[PDB]
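Undergrad: Residues per chain, in single letters:
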Amino acid sequence: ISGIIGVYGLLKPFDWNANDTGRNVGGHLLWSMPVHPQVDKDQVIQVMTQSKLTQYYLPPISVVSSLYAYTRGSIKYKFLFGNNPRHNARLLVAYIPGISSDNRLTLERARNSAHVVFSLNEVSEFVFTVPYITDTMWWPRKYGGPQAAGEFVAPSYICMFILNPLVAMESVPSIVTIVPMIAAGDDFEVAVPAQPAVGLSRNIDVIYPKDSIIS
Amino acid sequence: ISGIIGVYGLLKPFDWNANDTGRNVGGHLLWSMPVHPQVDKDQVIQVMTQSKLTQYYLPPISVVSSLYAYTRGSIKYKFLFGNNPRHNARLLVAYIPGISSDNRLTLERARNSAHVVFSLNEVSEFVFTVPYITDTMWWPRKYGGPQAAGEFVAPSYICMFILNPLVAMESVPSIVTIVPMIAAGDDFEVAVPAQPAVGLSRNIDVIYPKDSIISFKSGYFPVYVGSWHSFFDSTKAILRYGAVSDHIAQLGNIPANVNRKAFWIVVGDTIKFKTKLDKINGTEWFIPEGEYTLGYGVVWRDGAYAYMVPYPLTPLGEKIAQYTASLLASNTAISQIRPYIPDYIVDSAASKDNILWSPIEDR
Amino acid sequence: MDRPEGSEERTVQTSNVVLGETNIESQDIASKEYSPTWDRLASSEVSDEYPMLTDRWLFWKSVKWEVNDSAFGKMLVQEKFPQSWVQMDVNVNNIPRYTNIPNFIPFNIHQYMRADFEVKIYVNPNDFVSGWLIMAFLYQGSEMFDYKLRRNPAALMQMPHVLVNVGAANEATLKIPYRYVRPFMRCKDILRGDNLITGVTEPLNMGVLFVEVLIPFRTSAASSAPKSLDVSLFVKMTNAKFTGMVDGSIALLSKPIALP
Amino acid sequence: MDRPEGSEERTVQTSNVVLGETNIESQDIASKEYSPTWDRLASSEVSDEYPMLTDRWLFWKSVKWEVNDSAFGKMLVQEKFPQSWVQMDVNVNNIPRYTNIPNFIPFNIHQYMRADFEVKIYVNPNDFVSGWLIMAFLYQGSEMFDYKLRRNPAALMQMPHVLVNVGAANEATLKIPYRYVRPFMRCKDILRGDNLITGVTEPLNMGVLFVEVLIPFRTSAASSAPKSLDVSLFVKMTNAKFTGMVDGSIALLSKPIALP
Amino acid sequence: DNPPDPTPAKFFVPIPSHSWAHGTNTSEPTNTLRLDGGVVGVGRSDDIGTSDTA
Amino acid sequence: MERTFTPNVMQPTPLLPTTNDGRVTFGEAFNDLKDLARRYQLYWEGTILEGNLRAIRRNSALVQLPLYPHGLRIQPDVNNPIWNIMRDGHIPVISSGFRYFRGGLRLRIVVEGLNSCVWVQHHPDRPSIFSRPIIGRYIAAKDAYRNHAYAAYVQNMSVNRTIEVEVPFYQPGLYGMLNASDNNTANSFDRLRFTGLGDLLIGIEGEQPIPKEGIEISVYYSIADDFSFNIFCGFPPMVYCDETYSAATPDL
Amino acid sequence: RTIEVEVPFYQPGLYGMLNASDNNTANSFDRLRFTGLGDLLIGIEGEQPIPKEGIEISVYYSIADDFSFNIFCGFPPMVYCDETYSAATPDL
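Chains as they are written, first to last, in full-length UniProt numbering: chain A, 513 to 727; chain B, 513 to 875; chain C, 177 to 436; chain D, 177 to 436; chain E, 459 to 512; chain F, 889 to 1140; chain G, 1049 to 1140.
By construction, these hints were calculated from the structure, which means they are not laboratory data. Just so you know, even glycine gets a beta-carbon here, dropped at the ideal spot from N, CA and C. Heads up, a few of these hints could be off.
Here's a subset of chain C near chain B, in silico, CB distances under 8 Å, partners left out [as the list claims (entries may be wrong)]:
id, residue
1, 220
2, 224
3, 249
4, 371
Mimicking BS3-like on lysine-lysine, the simulated pairs with C-alpha atoms at most 30 Å apart in a straight line are [to be verified]:
id, chain 1, residue 1, chain 2, residue 2
5, C, 351, F, 1100
6, A, 722, F, 1100
7, C, 208, A, 564
8, D, 250, D, 237
9, A, 553, C, 324
10, A, 722, A, 524
11, B, 722, B, 791
12, A, 524, C, 240
13, C, 324, C, 208
14, G, 1100, B, 786
15, B, 791, D, 250
16, G, 1100, F, 922
17, B, 864, B, 786
18, C, 403, A, 524
19, B, 773, C, 431
20, F, 1100, A, 553
21, D, 240, D, 403
22, A, 564, C, 250
23, C, 324, A, 524
24, C, 250, C, 240
25, B, 553, B, 524
26, D, 237, B, 590
27, F, 922, C, 324
28, F, 922, C, 208
29, B, 791, D, 240
30, A, 524, C, 351
31, A, 524, C, 250
32, C, 250, A, 553
Example chain B residues on the side facing chain F (calculated, C-beta under 8 Å, incomplete) [said to hold, decoys possible]:
id, residue
33, 543
34, 649
35, 652
36, 656
37, 705
38, 734
39, 817
40, 825
Start from the sequences, fold in the hints, and give me the full structure.
TA: Here it is in structure tokens:
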């Protein structure tokens, strides 16, 4: 398992526009999501099919975790930036224990939890190995089975804030793409075999219950 | 096993005529076949029986191999020559890896693979232990079970070419017979028990599936072999039900599950008929003029009507029938299928009643 | 640049070919490296080796990717490997031939072949662009029932791959050890079935090599700024073995069937 | 013939080829055998060797000589050696190609080449004929001012040669060590002159191989007695070295100019 | 080699279940619903006392 | 090595102390997918009626079952609730991350409703090129009847209604392909003999009639001890089971 | 419902004949007592009626541990199983 879930998987990329005088400012939230081994569905590359099931490109740590009931340990979040030596910025990425959304989240609060400050000065890759802070030893998986069988919620939140806004020049692209990736830390473990939260995409057909159909 | 498959078995012999100014020349292919432990069926002594199964004289290495699924190793091909100290020649025998037929095979290519050169100078026996050259470790048997269950193809080819043509003298036989024999090399092995590809010949009876049987429509039998004008100006043989013209026997309903490249074999009673076929260019295919029993047939379609073309019950007749069915399958020119059809000589006897046919297909 | 000469360029030599590099690479290995043992059980004929011919770094394709055709997951390369490379010399009718390239000259006279491979990807951008490539390999991928679904860059990130940061202009090497269902691959179209049998196999299709866009190629808006960038590939063989000697024309090469 | 098998046939193996002989040979060596040392001074590129390909006994021509065309000095073979042998695979237009014969496949990708040669001559007559052949070799003979005069069998008896007694049916081997004006021969038509210069050289013309009638082929007067006899040749290379790697089509092969 | 084994069969008495009454001083065969097929028991520490059923 | 490449690490806290893959808290360890693949799952299940078999049932086969480590291609329909909402088991999910394999499989055939005898054969040299089973009267004669010399097991339902067999690896090559396509014409040879362990045939041996409810055959399978998932390529994209039947109707 | 027995070799001679003919009058003694292991009889012991479908008896057999195939003479000619039901109708 450790050799499988150690392999990085790609998450939904996003653009970071230096010319956006509205968004590219100090304190702005660029990217955020709950922290758990299965990634949130909306942070993963998707393919939808009319009348069929959605295909999700889950990372190895996400696939393996969907086979087991419990999980625990640190998670490596690798961030890849599409920049060149002209671009510069500073980001503050934080791990907020016991929070599932950004409803009360600001930079000036995020600095009051475990966090790191990254400088984009001629650097394109860095890893933020986030901690595991829980009131218990194993944490139940988020996505379970049909009809949300055995499902639960994530224990913590990761958030990326703009400390020093992105700067570019006139002879250089003003957009810097950011590609988040995820892998298991060396301290990661998986407890208990359960109904897979996932199925293959060889056949994405599904028969919805006739009793629920309306027209 | 090693003590069994080490024993040589005899293969189909052939004549080597020193006076044949056409064939007995440098570069001529005398003998060739795919290399695999079971021998090709047409390279083995046979006995055919009307309405029954063919008996094959398989060598020990062939019998044992039909009990197992996989096989590998070198094969010893012993060649025995019926000569005396007057005869002389030189042969080039080659092992061509990854080739199953002689379609692109020439002496000047065969020399570019593993090969040996034998001199027939006061020598009557020699062995060509051929290699095992494969892209994998075990090789699936060629012949398997009923309905070609689990069958496959051979991996390589062996070919005998004339380097220096056979010479004899006037006080000495001009024909030298060659008897090929086969045994397993010391490095030969057999992997995995499977349904025997073979059965004993104590009882050669067989009940062909009733669902595949076809025949002539009522009133369109008894039938006889004859001619009619709209088919190569009545020079070729077809089955008629009368002497008035356009009275060509029609076949009943032919099921759609029958392969398009399949020819047919007579099951019940049959007839004898006199036919012939002249040697076809680029082959050793010819039928001398004689009386033969009707054993095989090929279906000739003309619109909503289906007619049957007769073939002799002979191993060569089986091959020509199959080849013809294949030509009809690819919509080959009617003029180019003509040389593969038996000729019309004279009307033959009629059948007692209807004639029943069963679908078959060869490699 | 601080010297009369620009600076020191690293060098890599093999046979009679010398490759120069200037930056730190991105590397990966498709599978565990090993020395083969069961290939000897496949052919009794002695396996010939031509290291000066095969161990040679050879130049593959150049592929040109522009700003206007650079989207996330755009496939700059999708090729059967090593088939596409070994068969890169075609005639007027797009029929391959192993007769002109010294590295491929053993493929013409042998029926079965095996080797480990290495692939280098060279991009030479200026100092003022940004983008990212991913070169990945999938063992016998085209035969998988979900092959087209594995084409997404999110899926490529999980198979053996290397990355090229256009902002850093790094070189990259991907090692690909031989792994196949058989201890040998076929050099040509041989042993197809007959009337009843269908044993059909593609020559040299050990897998699929991808080169895709991780982050789209971006440029200054200025007119005289290059909106294009060439991507060049190099390939070589490590343990090239050939067996089953045949005439160069005993078997033919077909027009190669492409990927979707 | 005193056994069930005829008798014992001697065997000679090289690479994956096995030749059988039954009689005592006639042998000779064109010149003193040696190990080359000055070839290393000709090319700084490492000389490749392909023993499993080149050390292979290969079949050459068969030539048919009859009673009615067998006179003293009749030339069954007059060929530039090894040119005629290496270039024996021609197309529709009699243009040679090094691409199909595994022994010659190194000639296609190399510019310069060198080796020692051995030639076997096989005749398989019956017990009741009489005649004699002489196979001889002349180093770069075609360039000599009296070449045509050296064609007479009386002159062949003085150059390195072997004899075939049709009355004994013996095999025969002629060894031909490499000797040339240069430490390498050319594989193709290269470096011809220009407007002013004329440096023109034939590929692989180390000399001339003769096969001539020493004593005319005679037969019984009977009708069904063979009035014909085939003469077959085999060739192989001892110390084959190749240098100057090039694309197989950088240089072309011309239609070969024949001897008088 | 395929030697015959003519060792006499033993008389055995079939019963549907193991003891219902026994609660101490005996083993109990059972089908454990685990991935580990050995003698397995839940983990412990000082955080979790021993049974206080004395 | 890029797949595990982690540059410029920024780690605010130390690592989390181990539990030995669950061995500290629960009594067992969970560190290898191979262990989970050795826990049986459903391979195929169906009901057979007299109408599905040949008119004259001469001890003919009931099911022709292709053997794939990655399982069959599932068909989710109203008659198959499991495949519809549970989808593919753990083993097909595990298998999807690997290209090759080289071992055997362990099966368990459960036959209910039949008082007759069941025969089971393994045809290693005859594996199917389709990822779906063949039933009853649609099975060709070559397979519909007991073949000789094949490894087999014959079991009376009167003694036990569950059959336990282990199917061996009898393939001519190095690897067997995982996750193989049914649409394969360029590499028929690979798909034919380098993919499946060979068909498993389950038949009936007796004259007893089948009840009007029919008989039910349930085949479970798992990985054998000599089995290995060999070369890790990517995982394919997945579907989520909670997106079959919604929680909008929490009980249904 | 399955019976397992091993039948012993109780013959007065050195060998038992393999592949023996049923048409044998010149050597009746060989065919009678030097060919077969002796008949095996399978019967019923009870008053229970046989169902209208009847009972089915299937006898499987194999070689015992003390068995030997002894003198290798030739193989007889064979028939091919793929020549019973043709592949012309690949499914039937």
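Undergrad: If a hint holds in the structure, say so; if it does not, say that too.
TA: Hints and how they fare:
no., hint, verdict
1, 220, "holds, 4 Å"
2, 224, "violated, 12 Å"
3, 249, "violated, 35 Å"
4, 371, "holds, 6 Å"
5, 351(C) <-> 1100(F), "violated, 61 Å"
6, 722(A) <-> 1100(F), "holds, 28 Å"
7, 208(C) <-> 564(A), "violated, 39 Å"
8, 250(D) <-> 237(D), "holds, 17 Å"
9, 553(A) <-> 324(C), "holds, 21 Å"
10, 722(A) <-> 524(A), "violated, 34 Å"
11, 722(B) <-> 791(B), "violated, 37 Å"
12, 524(A) <-> 240(C), "holds, 26 Å"
13, 324(C) <-> 208(C), "holds, 26 Å"
14, 1100(G) <-> 786(B), "violated, 55 Å"
15, 791(B) <-> 250(D), "violated, 39 Å"
16, 1100(G) <-> 922(F), "violated, 51 Å"
17, 864(B) <-> 786(B), "holds, 18 Å"
18, 403(C) <-> 524(A), "holds, 26 Å"
19, 773(B) <-> 431(C), "holds, 27 Å"
20, 1100(F) <-> 553(A), "violated, 47 Å"
21, 240(D) <-> 403(D), "holds, 10 Å"
22, 564(A) <-> 250(C), "holds, 25 Å"
23, 324(C) <-> 524(A), "holds, 20 Å"
24, 250(C) <-> 240(C), "holds, 12 Å"
25, 553(B) <-> 524(B), "holds, 10 Å"
26, 237(D) <-> 590(B), "holds, 28 Å"
27, 922(F) <-> 324(C), "holds, 27 Å"
28, 922(F) <-> 208(C), "holds, 19 Å"
29, 791(B) <-> 240(D), "holds, 28 Å"
30, 524(A) <-> 351(C), "holds, 28 Å"
31, 524(A) <-> 250(C), "holds, 16 Å"
32, 250(C) <-> 553(A), "holds, 23 Å"
33, 543, "violated, 29 Å"
34, 649, "holds, 6 Å"
35, 652, "holds, 6 Å"
36, 656, "holds, 7 Å"
37, 705, "holds, 5 Å"
38, 734, "violated, 32 Å"
39, 817, "violated, 31 Å"
40, 825, "violated, 26 Å"
Going through the hint list in order, the structure does not satisfy hints 2, 3, 5, 7, 10, 11, 14, 15, 16, 20, 33, 38, 39 and 40.
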